[PDB]
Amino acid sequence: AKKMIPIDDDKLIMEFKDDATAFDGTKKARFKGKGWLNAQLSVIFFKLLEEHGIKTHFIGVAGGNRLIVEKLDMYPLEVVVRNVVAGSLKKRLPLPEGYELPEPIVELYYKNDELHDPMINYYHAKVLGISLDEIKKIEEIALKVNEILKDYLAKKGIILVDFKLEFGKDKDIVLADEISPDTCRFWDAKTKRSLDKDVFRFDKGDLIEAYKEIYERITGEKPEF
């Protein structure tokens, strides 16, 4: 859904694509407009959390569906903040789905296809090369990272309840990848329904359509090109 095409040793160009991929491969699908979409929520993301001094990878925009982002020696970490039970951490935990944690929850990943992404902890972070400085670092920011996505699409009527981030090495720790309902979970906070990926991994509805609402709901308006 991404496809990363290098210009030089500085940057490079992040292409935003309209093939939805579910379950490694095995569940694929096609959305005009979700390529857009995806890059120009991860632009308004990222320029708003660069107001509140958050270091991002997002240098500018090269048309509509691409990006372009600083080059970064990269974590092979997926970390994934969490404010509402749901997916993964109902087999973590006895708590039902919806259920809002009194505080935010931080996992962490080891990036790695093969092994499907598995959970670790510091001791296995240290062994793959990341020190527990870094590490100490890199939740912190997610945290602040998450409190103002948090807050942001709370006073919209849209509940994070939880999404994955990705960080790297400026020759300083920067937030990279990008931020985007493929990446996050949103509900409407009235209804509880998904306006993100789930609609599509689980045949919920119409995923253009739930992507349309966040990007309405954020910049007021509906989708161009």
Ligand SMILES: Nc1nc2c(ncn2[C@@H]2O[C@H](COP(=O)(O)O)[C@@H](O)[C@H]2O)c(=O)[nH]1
Given for the second form:
Protein chains: 2
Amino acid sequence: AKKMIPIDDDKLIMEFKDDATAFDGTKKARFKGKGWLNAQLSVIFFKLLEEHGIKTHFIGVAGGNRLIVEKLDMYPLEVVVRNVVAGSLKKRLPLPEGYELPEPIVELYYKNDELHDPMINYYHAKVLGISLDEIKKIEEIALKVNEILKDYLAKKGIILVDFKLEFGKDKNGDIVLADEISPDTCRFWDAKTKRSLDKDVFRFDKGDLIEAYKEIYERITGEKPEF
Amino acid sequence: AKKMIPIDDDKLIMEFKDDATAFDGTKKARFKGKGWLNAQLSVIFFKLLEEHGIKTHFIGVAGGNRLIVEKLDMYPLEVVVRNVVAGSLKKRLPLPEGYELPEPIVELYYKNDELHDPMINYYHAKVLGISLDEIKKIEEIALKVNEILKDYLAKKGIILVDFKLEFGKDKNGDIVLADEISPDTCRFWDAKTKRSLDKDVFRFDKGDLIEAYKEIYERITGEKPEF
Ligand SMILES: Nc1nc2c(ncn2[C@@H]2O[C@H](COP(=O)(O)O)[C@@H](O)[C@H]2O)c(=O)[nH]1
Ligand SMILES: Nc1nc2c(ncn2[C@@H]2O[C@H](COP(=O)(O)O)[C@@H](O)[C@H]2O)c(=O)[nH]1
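Complement to the form deposited without the named molecule: the form deposited with the named molecule bound:
Full assembly next; the chain just shown is listed first.
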């Protein structure tokens, strides 16, 4: 759904594709316009976060589905922040889908396809070569990002249910937000109806993906999607 | 605007009045229904906060403009939390009115009429007999309260611009949220128009106070004010 194209030692192109994949590629489909929507939503979110002084890999746009991003020494992590009980959290806590958490939960996953992205804790993270100090910074950033996105979206009648972030290290040694921020990598629910406006629509055939993703875009920008 | 009536060693009545005062009582007016609205908005806010496990002095209602509250050993503080630049903050930061702060600011004021509520820091607070540990707890509670109120109001198209909290100590030695939480003690702006829906309307004759306060009530409860 994304292709990384190197430019040089300090930057690269992140290209967003219309291809969608779930359940280890056993489920595949192409959604005309998905790439554009995810790229554009990523821009909006990265820029919103940067306004608050969050460091992100975003540099500029290089076309509708193409972002220029700074090259990083990437942490082998998926960092997940959860506000509302959904998906895999139902397997860890005796709480129903939709349950509003008293505080946001941060989970750490070892980014590794062969092991199917297993959950880790701070000890495992050290073995993987990530210091406790780094993990503390990463979680602090993640929670700050969580609050900005959650509040921004809440004003637009969208629940930030949960989402995945990735991080890397820049030349200075600063920790920098990377990958993407889109309905591919977040759970968004309509505040009134609780319907999914994200990749779960595709994962579980709950409706029309392109329609859900256009909805998010329209609510954020006020504009019907261009392309 | 409030009268404290002692009952006994552990509780008292906080009575909300229709009288309004600004600029050290040099500016005065009576707004029919103001007391009821502030009393009722206080109930709503205290209960909302208690649902999140914030300890407050609120015990019960004893009439439209009367609350039963627990007797506390009061800290001589006004604790102000600020999300958006307004009022006196324009005298401290080179930032325009309406500027959205990256993070909430907590200011401490020594509650003292003669000295006109001067700003203090942690060192002054110690001389006034408040330990650094207490101040830390107070500020932690204040920021938690800020987040709950801000998010709750934002969903209703109301910007929590800033607000004043007061705190006391109960029998157990726990730190308890006290005084009131109303358009008298908060800055609320309409999200779309940025107009004041609070005591600033009276302070600076920017419109109809009772109209602004009813607006807050209506938006929160969905009901036009009873009395
Ligand atoms: N696109 C994508 N999103 C993920 C991945 N892992 C977790 N997430 C996101 O993180 C959240 C939690 O996922 P869960 O662990 O409940 O399946 C969801 O918003 C989900 O979309 C992944 O490998 N790819
Ligand atoms: N009613 C009232 N509100 C106050 C007082 N002190 C601070 N506040 C509130 O706290 C915020 C900050 O006030 P400022 O420092 O800008 O005068 C405003 O919302 C203001 O109404 C006070 O003594 N009385």
